[PDB]
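Below sits a lone chain in C-alpha cells, taken as the form deposited without the named molecule.
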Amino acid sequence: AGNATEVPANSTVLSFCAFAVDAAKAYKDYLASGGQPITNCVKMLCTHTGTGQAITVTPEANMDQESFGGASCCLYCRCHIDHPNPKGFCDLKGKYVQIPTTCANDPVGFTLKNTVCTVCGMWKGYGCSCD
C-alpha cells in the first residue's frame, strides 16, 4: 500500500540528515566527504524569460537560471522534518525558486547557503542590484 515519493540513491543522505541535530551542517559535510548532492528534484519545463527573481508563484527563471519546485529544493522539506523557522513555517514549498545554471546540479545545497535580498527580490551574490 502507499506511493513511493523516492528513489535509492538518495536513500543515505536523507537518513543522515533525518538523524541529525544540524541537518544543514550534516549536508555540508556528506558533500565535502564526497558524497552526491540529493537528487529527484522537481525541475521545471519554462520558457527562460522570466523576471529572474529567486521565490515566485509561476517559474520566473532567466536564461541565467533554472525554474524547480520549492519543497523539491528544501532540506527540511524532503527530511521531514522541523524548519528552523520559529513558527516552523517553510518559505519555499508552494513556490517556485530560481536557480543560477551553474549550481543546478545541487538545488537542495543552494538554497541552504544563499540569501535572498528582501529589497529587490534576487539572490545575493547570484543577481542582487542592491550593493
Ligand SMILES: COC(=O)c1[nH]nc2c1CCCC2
The other form holds:
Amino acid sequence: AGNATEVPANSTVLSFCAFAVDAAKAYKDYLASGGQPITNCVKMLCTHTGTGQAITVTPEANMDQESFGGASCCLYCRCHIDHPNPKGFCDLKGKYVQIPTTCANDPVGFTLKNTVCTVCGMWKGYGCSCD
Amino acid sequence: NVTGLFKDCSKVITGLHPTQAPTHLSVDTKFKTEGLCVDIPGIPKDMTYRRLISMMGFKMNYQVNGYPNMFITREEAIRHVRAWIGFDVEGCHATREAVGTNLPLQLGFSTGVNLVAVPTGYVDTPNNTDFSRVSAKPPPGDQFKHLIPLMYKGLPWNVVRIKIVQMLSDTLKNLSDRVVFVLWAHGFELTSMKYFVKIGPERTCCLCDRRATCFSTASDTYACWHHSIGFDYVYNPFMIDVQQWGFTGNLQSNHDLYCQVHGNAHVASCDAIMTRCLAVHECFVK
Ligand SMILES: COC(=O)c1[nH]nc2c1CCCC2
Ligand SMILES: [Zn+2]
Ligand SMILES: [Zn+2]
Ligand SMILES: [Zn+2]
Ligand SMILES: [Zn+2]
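Here we have the form deposited without the named molecule; I need the corresponding form deposited with the named molecule bound.
Starting with the chain above, the whole complex follows.
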C-alpha cells in the first residue's frame, strides 16, 4: 500500500541527514567524504527564455540556468525534517528554483550554500546586479 | 528501482504539483513528458494536502569522516557489555487518512521500562513536514490484543524522549560512556530511533571532558549521562542486531536455549530483556 517517492541511490544520504543534529553540515560532510549528491530532483522542461530570478511562480530559467521544482531542491523537504526558520515553513516548496547550469548536478547543495539578493531577486555571485 | 523509505502513505490517487513534490517520482503523471516535468498553465498547486510519509527503511551505511558508525561489530559490542540496553518496539498501523506504515506505540527496554507514545507520524504539507498525531490502530489478531488499551494511554513524543534520556542516563552514568542498544530484527527499532536520536561528529559534554551521549534542542548543547537533566535527545548511540549472528528461528526460541528465568510475558520490555539476555549468554557464558 502507498506510493514510493524515493530511489535506492538516495537511501544512505537521506537517512544520514534525517538523523543529524545539523542536516546541512551532514550533507556537506557526506559530499566531502565522496558521497553522491541527492538525485531524483524535479527538473523542468522549459524554453530557457526566463527572467533568471532565483525563486519564481513558474519556471524562469535563462540560458545559463536550469529550472527545478522548489521542494525537490530543499534538503529539509527531501528529508522530511524541520526547516531552520523561526516559523518552520519553507521558502522553496510551492515555487520553482533556478539553478546555474554549472551547479545543476547538485541542486540541493546549491540552495544550502547560496543566498538570493532581496533587491534584484537573483542569486548572489550568480546573477545579482547589485555590486 | 524504488525504495519504501519516505513512501507516501496517503490515499490521494494523484501525485503532486512539480513545485510541491519532494521528488520526480512523486510528481503526478500528468506533468511528465520528454524525460522531465512541465509546468502546465491553468493547473494549480494543492494548498490543503496532508500526506503521511513512511519512516520505514533507513540505511545507516554511510562512511563519513568524523561521524561514528552506529552499528558495531560483535567484538566491539563485547568490550562495551556494560553499555548494553536491550530495546524493542511494538507498533500500531496507520489507518483512515493513510495506510502502509508502522508508528511506535510501546517502547520497551531491558531495564524493565515500557513507555507508551501517542501514535505520531511525519505528515508532509504545502509548507513543511508536520510531526503530528495520526489515526492509528493496533494490528488485528489475538497476539496484539494487549496493545488495545495502549492506544489511549500514550504520552506526546516531546515527553517520551525526555523520559528515555532520563532512564538511560540514570542506568548508565556509572557503567559506561555510551549506550549500545541490543536489538533483534532492527528495522522498526531504527525507525523508532528517528523519534528520539540525533547524530553527528563525536563531541564532549558541556560541563566535563566525557563524550556527549545526549543533546538538547532547548540550548543546542551536548551532555554526558551525568549532566543530561532536561535533555531531549540521545546523541550518537551505538547498536547491534543479535539476529545477524547466525540464529535461525524467532527471538524466544533462541533465548530459551540458554535461559529459563525470563518467561515470555509478551510486552516490548520482555522482548528487550530477552534480546539482551540472549546476547549475554552467547558472548559470555561457557
Ligand atoms: C533572502 O534570503 C535568501 O537568500 C533565501 N531565502 N530563502 C532561501 C534563500 C536562499 C536559499 C533558498 C531559500
Ligand atoms: Zn523545504
Ligand atoms: Zn542584487
Ligand atoms: Zn558531563
Ligand atoms: Zn533470559
